[PDB]
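Put chains A and C with the ligands on the given structure of chain B with help from the hints.
Residue strings, one per chain:
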Amino acid sequence: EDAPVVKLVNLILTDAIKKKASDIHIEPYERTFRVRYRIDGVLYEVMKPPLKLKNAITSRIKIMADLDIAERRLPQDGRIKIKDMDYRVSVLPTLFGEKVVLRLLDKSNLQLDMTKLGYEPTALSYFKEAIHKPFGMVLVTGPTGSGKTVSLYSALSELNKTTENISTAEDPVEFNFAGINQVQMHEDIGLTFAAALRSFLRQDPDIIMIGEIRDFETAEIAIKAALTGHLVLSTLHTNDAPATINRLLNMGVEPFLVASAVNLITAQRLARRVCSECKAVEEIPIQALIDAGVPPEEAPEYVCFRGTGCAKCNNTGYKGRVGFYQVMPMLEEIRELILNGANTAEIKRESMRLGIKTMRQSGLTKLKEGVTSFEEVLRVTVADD
Amino acid sequence: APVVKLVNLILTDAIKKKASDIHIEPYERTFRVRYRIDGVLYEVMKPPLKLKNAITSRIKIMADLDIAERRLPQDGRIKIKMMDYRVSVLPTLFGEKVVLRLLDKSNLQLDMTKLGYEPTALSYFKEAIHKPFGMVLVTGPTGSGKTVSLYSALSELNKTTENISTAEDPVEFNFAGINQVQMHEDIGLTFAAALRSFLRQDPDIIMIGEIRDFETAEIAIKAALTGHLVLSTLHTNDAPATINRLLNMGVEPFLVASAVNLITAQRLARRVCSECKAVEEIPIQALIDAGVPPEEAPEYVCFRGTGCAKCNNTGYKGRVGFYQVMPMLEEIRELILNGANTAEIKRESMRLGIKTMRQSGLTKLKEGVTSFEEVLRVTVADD
Amino acid sequence: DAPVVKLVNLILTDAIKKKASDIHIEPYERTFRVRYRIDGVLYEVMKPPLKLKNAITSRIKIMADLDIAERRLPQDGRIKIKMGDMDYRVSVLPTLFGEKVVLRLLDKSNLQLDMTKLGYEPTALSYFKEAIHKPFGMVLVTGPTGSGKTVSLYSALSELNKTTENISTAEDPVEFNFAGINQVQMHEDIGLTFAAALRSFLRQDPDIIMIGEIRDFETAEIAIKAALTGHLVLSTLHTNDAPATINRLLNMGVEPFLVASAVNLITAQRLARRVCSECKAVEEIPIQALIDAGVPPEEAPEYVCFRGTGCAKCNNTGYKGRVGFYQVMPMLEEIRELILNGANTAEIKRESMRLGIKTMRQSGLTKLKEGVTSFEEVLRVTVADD
Ligand SMILES: [Zn+2]
Ligand SMILES: [Zn+2]
Ligand SMILES: [Zn+2]
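Going down the list, the protein sequences come from chains B, A and C. Mapped onto PDB author numbering, the consecutive letters of the first sequence carry residue numbers 179 to 261, 267 to 568. Mapped onto PDB author numbering, the consecutive letters of the second sequence carry residue numbers 181 to 262, 268 to 568. Mapped onto PDB author numbering, the consecutive letters of the third sequence carry residue numbers 180 to 263, 267 to 568.
Okay, chain B solo, but in the shape it has when bound:
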């Protein structure tokens, strides 16, 4: 329908990099057509192109990704690599044409260094200890969008030596890693996690990464792989790390296997980072900090900040995101609790007895260093009564 589509498409992808966007959404509707950038978890409408180019745009992208242009009724998935910048494409048949989703994959703005992820010193020591063990299971819990896969990616980079077979099963595979054998799931064809995980055992493996353990079938296989002499990395969506014990048991797993096989259970969430420009002090009462869980001796030296709202923060008061981490090694004391039928709260206490900081405590540490607001800590975490 027109000719300078390639200049338009190139702009939409490039501008997304300049804006440090994480995802691109190209959405056609009956009378409107829009482009949205997801930046720090929030979608902003960027472009409202003319509808005559909607089919020109999608087809230009589909050829870039080796997708069937005649198929506008079923969803398609491919990849795009541009000059050294690759994208992940997903096409979906909206009511009025195909919706396109591109996720930005630039390592340049991806941190693969555990030191730079905001782990506290004591916790990070436990995290490195478990991933460098020669076998066992390491679980990084959290929901989607909590940075949990970034913790995994940084671990694989530390382990990605040419002497070890690292296999990977994700839904979907995001970052193409060199020397790492990544498998994207496809449930319609029978390529489930268990299917790849069973195939991995037939693949002379050393390290195995699983996107998430969602059902008993996958859990059993993943644990037994960690027992057979393999390093198993995976995620679950649990509230805190102590609950991940009774999550696996509620799935139907025998407890003695959980005690023997799990080496570590990380739990983390992402919180908004205050804008460095409209940064304003908030006089929070000391009893409010104590009721939040701050040790009283350190309550006065706290200087709680917040963003007023400016242009740079798009009036959100926040810019980047920041992580609250809980790193709970499977200490001898925790193993005994699992076998005596301990509940979640009982495990939570003994972990804190042994100096295992909760996500709330990690948040109060970020608050003290002045990167997050008091509201954002209470929003994301739960107090440790």
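None of these hints come from the bench; they were simulated from the model. Even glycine gets a Cβ: it sits at the ideal position worked out from N, Cα and C. Some hints here could point you the wrong way.
[Unchecked claim] Below, in silico cross-link-like pairs of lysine-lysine (DSSO-like), each with a Cα-Cα straight-line distance of 27 Å or less:
| # | chain 1 | residue 1 | chain 2 | residue 2 |
| --- | --- | --- | --- | --- |
| 1 | B | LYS316 | C | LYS290 |
| 2 | B | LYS226 | A | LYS551 |
| 3 | B | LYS316 | C | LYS531 |
| 4 | B | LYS495 | B | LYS311 |
| 5 | B | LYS407 | C | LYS226 |
| 6 | B | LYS407 | C | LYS495 |
| 7 | B | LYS407 | C | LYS462 |
| 8 | C | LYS462 | B | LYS261 |
| 9 | C | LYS502 | B | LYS316 |
| 10 | B | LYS344 | C | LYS462 |
| 11 | B | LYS344 | B | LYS259 |
| 12 | A | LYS290 | A | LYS198 |
| 13 | B | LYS502 | A | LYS198 |
| 14 | C | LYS502 | B | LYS407 |
| 15 | B | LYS344 | C | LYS531 |
| 16 | B | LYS290 | C | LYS462 |
| 17 | C | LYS197 | B | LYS344 |
| 18 | A | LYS316 | B | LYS549 |
| 19 | B | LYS502 | A | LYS344 |
| 20 | B | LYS551 | B | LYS502 |
| 21 | B | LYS196 | A | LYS344 |
| 22 | A | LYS344 | B | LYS232 |
| 23 | A | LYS311 | A | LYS551 |
| 24 | C | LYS531 | B | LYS407 |
| 25 | B | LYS344 | C | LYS198 |
| 26 | A | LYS316 | B | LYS531 |
| 27 | C | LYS226 | B | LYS259 |
| 28 | C | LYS230 | B | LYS261 |
| 29 | B | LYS198 | A | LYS344 |
| 30 | A | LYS198 | B | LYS495 |
[To be verified] Partner residues are not named here, just some residues of chain C that face chain B (Cβ under 8 Å, in silico):
| # | residue |
| --- | --- |
| 31 | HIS203 |
| 32 | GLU205 |
| 33 | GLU223 |
| 34 | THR277 |
Then chains A and C with the ligands, alone, in the frame of chain B:
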């Protein structure tokens, strides 16, 4: 009586009477027209039988339906000058029966505040919809407004900062800014098919028309556990049964416990006419057996409609909703893992202050919006 | 094909010369490599040209009789390259950027053909020897791949390999070249299926017949009919436990009285790791866990559970050898009666346990008591007995 005018008459009269569906029914010795008003069919007209074929054919002409085929069923639509209709013709033994369903998207409420939730219930409903993940199931039978409650949730979340994706069979409301996918199983576009694609496209909120099978249920729940917000419906009696429906389908129990945030259940009841509103002497023993606590039985003021022009002598004008909103509370999660049956769960929910549909119905009765008969008609006592 | 077959041949030959244990053919977005596992560590060996990534893997799939039109889901097969030999098990895995192929060496150097040395418990072995030395009937040895089921099968043939008996065999592929055993290797492309070879055996004045695996109704039906005619039939299936193997055959379409009359025994087995004899350490396992594992409480405290600490001999794994957990279920009158009354799997499992047929879990707990395997290894490999 002219046929074209009469057809327009039966369609317009249905609008004035706020009817939802029109039934044009030929039989061996009679011919009648019925309006669906507040869920109940009333005989409206008894035209002469000679016009049975004239009327149905006129409607088919209005609907662009094959007039040469009177032996097989046909389906179409009508849009007139003011209001669109959905038409279905069915070959009865004695002529064609025609059904028109009124499609009132213009006067359609897509705001949870206008749905008649009681304050406590609405608080739980809002709490669960604004959570960053989890499943919300809106149960009820066909014609219970459950799809209206579902869309009301989407409208509440429909901000430009969130990717709301949707899979329906068929799509009901064409929504702007909502990425809607209409199902097509013959080409392989099932709920499971679209739902798998949604995860690969950076979603925030997902709506699934209905959970009909294990395949869709398992996938939808696992997606809601992964950290996405999933909305769907089922056809179950109350909210507690929706738990053992999912479990009887084959879902692993921890998923039902961990992933579901809330289960709504609803029925529709007639609303008493505001004009012929008369108090009705209901015996107190009847109220206590209905579930009224005896201490509060005298202060109930039971109403009924006498019959006026505005209520079309029905005594009722418009509908009112009886809702049961059961958040997946820590206590109920515990029951699921201990293999509790449905009746046990209903008890613990009621212990924790989750009004049943009967209890919600009696609340509208006390507020003077429903008749006592309409409570007993629609719900079942809690024994 | 000219440079790919040369390259394919190089990858297999160099792997033999370099005494590799596993071969890794790895495609990536812009790179392509082959790694050999030598003494547990992978070394980068070759960096072939990227144009050949799909050509090489596909040729190997042909060498393994693998569907080459299917490049999306994983596949597994075998390769036998002969000498004066070395066979491999191949696995294809659909990476994001093509198919990854892995070859594992199967040298079978330590091969036991003495039923006594397989770790069968005494009561079990007696039941097993009884059925194979019966003059006819069927004996099924079930289990997953890598459970020694074919080793138990061959060990049975060695006990029967006398010069008075016509032993014919149909395998896909033939494993061990046995003297005096008439071995027929399957060749599906030319019509040499199990059923095809099985039919010819009846025309061959047979005594004992071994079939690699009963995977199909055609094969199952005839093999059963052969065991009724007065021939000894040995085969395998991939089933969870011995009682379910009955309802496996029944779901295939076999009439139940045939299963009752023709089956003499159904073995089921799984392999578990053997604790290292050098770093062997006693482990205080809680008693309630043992009772819940299925140990009768009266004998539970006297259990002395071991595990490996980690030494040089065990490569710090704590384990060395393999150990077998066996379930041997003779077709006793009680089980035949259940089969004829349409009993389900759980009922048969119960009645076998009433009749003293130790399950794989129960057999595992005995090896645990004898101090050859760990408690974790019992739970990993077996299933609790309700
Ligand atoms: Zn700012
Ligand atoms: Zn009235
Ligand atoms: Zn050792």
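We went through each hint and held it up to the structure:
1. B:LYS316 to C:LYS290: Judged against 27 Å, a Cα distance of about 31 Å means the pair is violated.
2. B:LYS226 to A:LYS551: Violated, because 52 Å separates the two Cα atoms, which is more than 27 Å.
3. B:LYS316 to C:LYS531: Given that 27 Å is the threshold and the Cα spacing comes to 41 Å, the pair is violated.
4. B:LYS495 to B:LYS311: 36 Å, violated
5. B:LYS407 to C:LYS226: 34 Å, violated
6. B:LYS407 to C:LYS495: With a Cα-Cα distance of about 23 Å, the restraint between B:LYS407 and C:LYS495 holds, given a limit of 27 Å.
7. B:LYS407 to C:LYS462: 21 Å, holds
8. C:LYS462 to B:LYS261: Cα-Cα ~58 Å, so violated.
9. C:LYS502 to B:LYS316: 20 Å, holds
10. B:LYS344 to C:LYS462: Cα-Cα ~32 Å, so violated.
11. B:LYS344 to B:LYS259: Answer holds: B:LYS344 to B:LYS259 is near 25 Å, not above 27 Å.
12. A:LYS290 to A:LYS198: 13 Å, holds
13. B:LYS502 to A:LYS198: With Cα atoms ~52 Å apart, B:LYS502 and A:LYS198 exceed 27 Å; violated.
14. C:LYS502 to B:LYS407: Holds, because 17 Å separates the two Cα atoms, which is no more than 27 Å.
15. B:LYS344 to C:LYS531: 48 Å, violated
16. B:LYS290 to C:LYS462: Violated, at about 47 Å.
17. C:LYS197 to B:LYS344: 21 Å, holds
18. A:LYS316 to B:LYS549: 24 Å, holds
19. B:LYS502 to A:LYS344: Holds, because 20 Å separates the two Cα atoms, which is no more than 27 Å.
20. B:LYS551 to B:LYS502: 18 Å, holds
21. B:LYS196 to A:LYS344: 25 Å, holds
22. A:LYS344 to B:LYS232: 23 Å, holds
23. A:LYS311 to A:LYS551: 25 Å, holds
24. C:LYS531 to B:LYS407: Holds. C:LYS531 to B:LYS407 sits at ~25 Å (cutoff 27 Å).
25. B:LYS344 to C:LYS198: 22 Å, holds
26. A:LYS316 to B:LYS531: 24 Å, holds
27. C:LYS226 to B:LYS259: 23 Å, holds
28. C:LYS230 to B:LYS261: 21 Å, holds
29. B:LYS198 to A:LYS344: Distance ~22 Å between B:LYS198 and A:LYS344 Cα, so the pair holds.
30. A:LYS198 to B:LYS495: 53 Å, violated
31. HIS203: For C:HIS203, the interface hint holds, since the closest Cβ of chain B sits about 6 Å away, which is under 8 Å.
32. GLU205: 7 Å, holds
33. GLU223: 6 Å, holds
34. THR277: For C:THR277, the interface hint holds, since the closest Cβ of chain B sits about 5 Å away, which is under 8 Å.
In summary, the numbered hints that this structure violates are 1, 2, 3, 4, 5, 8, 10, 13, 15, 16 and 30.
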